[PDB]
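Written out below as structure tokens is the structure these notes cover.
Some chains omitted; the rest stay in position.
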Amino acid sequence: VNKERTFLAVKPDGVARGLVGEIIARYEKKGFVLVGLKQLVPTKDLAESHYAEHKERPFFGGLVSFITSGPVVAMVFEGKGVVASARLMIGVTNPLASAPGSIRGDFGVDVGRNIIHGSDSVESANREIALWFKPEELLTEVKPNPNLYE
Amino acid sequence: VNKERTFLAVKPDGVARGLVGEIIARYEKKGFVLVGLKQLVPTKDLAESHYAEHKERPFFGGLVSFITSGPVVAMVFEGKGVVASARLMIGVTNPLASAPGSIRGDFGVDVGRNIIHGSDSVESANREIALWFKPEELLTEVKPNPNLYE
Amino acid sequence: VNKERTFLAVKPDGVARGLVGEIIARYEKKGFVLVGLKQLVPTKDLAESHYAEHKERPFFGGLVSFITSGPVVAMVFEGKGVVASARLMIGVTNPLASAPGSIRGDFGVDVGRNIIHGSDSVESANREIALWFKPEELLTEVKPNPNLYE
Amino acid sequence: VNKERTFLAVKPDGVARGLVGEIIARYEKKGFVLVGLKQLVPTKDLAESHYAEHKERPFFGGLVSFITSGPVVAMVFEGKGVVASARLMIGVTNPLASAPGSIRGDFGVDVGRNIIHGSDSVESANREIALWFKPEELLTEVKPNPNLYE
């Protein structure tokens, strides 16, 4: 329902490059609600559990290594179709082919330095949210906005 | 001819959410000239008449009724191929399927609260403008910018 | 009360320069509510009645002449201290001495081309509002925002 | 030393109004480094303790109570002279007297709903950070940018 959630995270490059506010504002302006937020330096295990679906992929080692090389800003947004929309708002894997207007499109040039992570399905979203957030960090008081929802 | 015009209106949600300036600014930046502007609390006649192509359609009631639920900023922009361009700049009926960079894409989530309306043809544009503005409310002498037009 | 109103107007240069949305957005973001809005080419009388307090000043003739040389976007905003705050947000007479962050400061360089007009007291505000707006163009339904007002 | 830190929090109004990203972005742009961040619904203890210098003061009740009324985005920024700089970037207690360009100046009107809080000294900063964040929540190894610092 309009309660669907998604997990997003500003990777070390996004954080190091000062893009955290910019990214949060894009989702705030869109109408999505911030139900979880925190900065932390990812643990090797965290990183490996997060990207477990890519553990056989060659790039996994370097990916895990970079995701744990500095602070990360993890977050969860709520709203009608927020998982697929946040994905749209991010762009595509390769920042160079991400359309102007998306986050990777407007700001990135390297796949390994693609600024932000976004869950790709409600299934991976729920999976990833529990992975990064305990229940006491997620808001329950989500009063819908009559201005954004019919 | 660089004289084409289109009707656009910021709905109660867009107005209530403070997006009038952001929206007007997007069209100014693009090169379009505002030849009519005014805020108002639309009448049932205006609303039902404006959306007169969706009489049988269900949502018609809530639609007609929402648009009359509060302040609406109506306007007419003039420019070369402004009708089609403005809808492109708007996005698609559904805000979630609206591409990043578009008005609906950047700011909404509900097809019910999709923030703005823009004519969909020159005929509907002419019909709509005739409906929202008296002729003395529209500018007449609009000089063709040497930087925008060849 | 938090119902105090003020009159503002984007002069011909402001309009011609495509600054209308930018200006409206600055007041929308601040928390002030748009209770009246319209574009029109000022009549000589309108202009003279508006600036009647300066009718003896040398610059009056040229001022009246310019204010009637093109479209103007007239508006009224409502909120706690909106008259003095809009003034602050405009800057000072001379755009060159208006602080960065204000409207004239960020965008102007000539006194005669100082982009916008703002009422200077509640008295002149009420005076100017009736001057430019009939009662049926002013909103009465002003539901305060629990987010902006304690 | 370029190691000074300050506590800042976006209040329920700023959060509810979608200003978290805009606010974080202002400090990022300035050159300050986020060394702590998290959203939460503050406890009465936290609120009353945080505003423990305004115990006798009247508004204390509503203050303590508003801050616990909904989600608050807390954070700690580090930089050279960040405590004084951040308050400057904030404005003044009163949003109407806050200069254009400042956070309060740009976005508020009510002293009650003045959107953000920022420490007012290094002592209050240290006291406040100790209060909102556990030490494991703050970054430790913060590299001094060659472009920002000499």
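Every chain is named by a letter (A, B, C and D) in the order it is written, and numbering of its residues begins at 1.
Here is the rule we use: a contact is a pair of C-beta atoms (placed from the backbone, for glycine too) under 8 Å apart; a residue touches a chain by one contact, two chains touch by 3 or more.
Student: Number of identical chains in the whole complex, 4 of which are shown?
Tutor: Spelled out: 4 chains shown, and the full complex contains 6 copies.
Following the convention adopted for this analysis, only the chains that are shown with their structure count from here on.
Student: If contact pairs are compared by residue number, which of A-B, C-D or A-D agrees with B-C in over half of them?
Tutor: The same interface as B-C is formed by A-D.
Student: How many angstrom lie between the centres of chain A and chain C, each centre taken as the mean Cα position?
Tutor: 42
Student: Go ahead and note the Å separation of the Cα centroids belonging to chain C and chain D.
Tutor: 33
Student: Residues of chain A touching 2+ other chains?
Tutor: 26, 29
Student: Quick one: in the complex, what on chain A touches chain D?
Tutor: 15, 18-29, 34, 36-41, 71, 73, 137, 139, 141
Student: Which positions of chain A touch chain B when the two form their complex?
Tutor: 2, 26, 29-32, 79-82, 84-85, 88-89, 91, 99-102, 105, 147-150
Student: Within the complex, which stretch of chain B touches chain A?
Tutor: Counting only chain B, the residues touching chain A are 13, 16-17, 62, 66, 95-96, 99-102, 105-113.
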